[PDB]
Structures are given as C-alpha cells and as structure tokens.
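Undergrad: Residues per chain are reported as follows:
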Amino acid sequence: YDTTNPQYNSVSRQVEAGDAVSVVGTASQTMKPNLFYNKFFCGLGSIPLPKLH
Amino acid sequence: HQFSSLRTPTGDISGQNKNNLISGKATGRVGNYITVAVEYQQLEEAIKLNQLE
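Heads up: the sequence lines are chains U and P, in that order. Numbers 319 to 371, taken from UniProt numbering, label the letters of the first sequence in order. Numbers 54 to 106, taken from UniProt numbering, label the letters of the second sequence in order.
There's no promise every hint is true.
Straight-line distance between alpha carbons at most 25 Å, and here's what the computed SDA-like set of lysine to any residue pairs gives [what the hints assert, rightly or not]: (1) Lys101/P - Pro324/U; (2) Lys369/U - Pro62/P; (3) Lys369/U - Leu59/P.
Sample of chain P residues lacking proximity to chain U, with all beta carbon distances greater than 10 Å (derived) [to be verified]: (4) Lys71; (5) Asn73; (6) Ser76; (7) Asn85; (8) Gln95.
None of these hints come from the bench; they were simulated from the model. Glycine included, each C-beta is placed from N, C-alpha and C at the ideal position.
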C-alpha cells in the first residue's frame with residue numbers, strides 16, 4: 319500500500335496496529351492439501367556435475 | 054690424469070721411480086622434490102571455475 323507509488327497497490331487499505339487476524343484450519347491436524355497454480359509460478363532446473371578425477 | 058717426466062743422458066731408468074695410476078672421482082647427487090599442489094570442490098567447479106587453464 320505504497321503512498322508515494324500508488325501504482326503498485328495490491329490491497330484496498332493499509333494494515334496497521336490493532337487489526338484482527340486469524341489462522342486457517344484447526345489446532346494441530348495433519349492433512350494432505352490440494353494445489354492450484356499458474357504455469358509461471360515456480361520454475362525448476364538442474365545443474366550438470368563434472369566427472370570426478 | 055697427471056704425470057711427471059725424468060731426465061737421463063742415455064735413458065737408463067733402472068734405478069729411477071715410475072708414475073702410478075691414482076684414480077679420482079667427482080660425485081653428483083639428487084636434490085629435493087619441487088611440488089605445487091592445489092585442491093577445490095566440484096560444486097565450485099560447476100558454478101564458479103571458469104578459465105581454469
């Protein structure tokens with residue numbers, strides 16, 4: 319919520335002290351989540367390794 | 054070798070002395086190794102080492 323560069327805003331209002339937050343889910347359960355993502359989210363590569371002498 | 058000569062009006066060498074063959078030798082020996090050693094890691098080879106020669 320930059321006030322000198324408004325063009326990069328991504329949230330309607332600035333978070334400030336005294337706000338209320340929550341944590342999703344219950345206390346300590348174990349779960350297998352489901353994923354959804356765009357193609358250009360995370361990349362991957364491999365580094366070739368030279369032969370040891 | 055080095056020698057010495059004798060003088061005689063007629064060449065009679067009956068009671069003179071004669072030269073001997075004393076052998077002398079000069080010795081040569083080896084010295085110490087000259088060794089230059091380097092070491093480095095494969096990850097460094099892969100990501101940092103260029104123009105190694």
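Undergrad: All the hints need checking, so say for each whether the structure fits it.
TA: Comparing the hints with the structure gives:
no. : hint                : verdict
1   : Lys101/P - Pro324/U : 41 Å, violated
2   : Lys369/U - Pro62/P  : 89 Å, violated
3   : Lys369/U - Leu59/P  : 79 Å, violated
4   : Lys71               : 68 Å, holds
5   : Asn73               : 62 Å, holds
6   : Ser76               : 52 Å, holds
7   : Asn85               : 26 Å, holds
8   : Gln95               : 6 Å, violated
Checked against the numbered hints given earlier, the structure breaks hints 1, 2, 3 and 8 and satisfies all the rest.
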